[PDB]
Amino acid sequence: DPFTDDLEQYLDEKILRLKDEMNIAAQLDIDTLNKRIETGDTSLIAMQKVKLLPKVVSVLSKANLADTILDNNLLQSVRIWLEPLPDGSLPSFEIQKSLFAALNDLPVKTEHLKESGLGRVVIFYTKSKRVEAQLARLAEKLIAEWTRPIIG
């Protein structure tokens, strides 16, 4: 039992470490894009999220990591990754699609949405004209499933 607790705490810490790296990557990219606007320097490219994406996708895809992911509010980092950027862009197609596909397979609950604010950005995806249609559809399907417990 202390054996089980130590082991669940090891998982927790690994997911919170990833959560920290995701936030750092997102903030670095925002800093980079701000410097771009302010400087004109076009050799400034914001790629920190793209570099970390494969690690993020691997974690979100492991069935036995779902509880740890949800318990530690990693979805809050996911929300931040989906948010519009300072130069008016959205994150890359690959980021959007990978995150929505992962969200579809995670057993996301109302409490997880309340704690993460994730529903607010996903609803933005059903409306934004910058979103490709097929991803707007994935976003709509997510919203419908998430609201079903309340509204049917």
Given for the second form:
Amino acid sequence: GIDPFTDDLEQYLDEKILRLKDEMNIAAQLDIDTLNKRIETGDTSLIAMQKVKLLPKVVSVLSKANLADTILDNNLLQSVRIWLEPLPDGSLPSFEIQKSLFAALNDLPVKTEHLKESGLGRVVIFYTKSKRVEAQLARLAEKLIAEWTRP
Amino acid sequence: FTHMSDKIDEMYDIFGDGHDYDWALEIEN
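The structure above corresponds to the form solved without its partner chain; please give the structure of the form deposited with its partner chain bound next.
Okay, now the whole complex, with that chain kicking things off.
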């Protein structure tokens, strides 16, 4: 994902975001494995905490305005979409994850092309229908859908 | 306004048909 004809700094930022994208994907996949393992085996002690563990790192990157271009250009939002998706048993990620991700989306200059490559629009719509979503986060989702379906 | 009709199609490009997650919505119910 790094651009060969960019200088070291630009490659360094692309790498930072590409590393984060992979770490987010590993964390989501490990939590999914845990929740399938929790189903196949009915072991009730099993909880999915890899996304929650990595969240401060994700929030720190998402909240830096000077990283917006790099975030958007490298499709990090695809990993955000994956973090918001219901899990195999229909359960949502933790409130802290939902709130932190939506608040960060509110500040990013997301364009149609980014929504297209990430699939982020589709998961945000789900948050406006779900019964398990807190009412304040459903309002935030609706407000994002509205900022993204302007004519 | 010239292509404002096309904006519908663009919604569709972003959102699809809306049913990707019906399985999860049905679980809740």
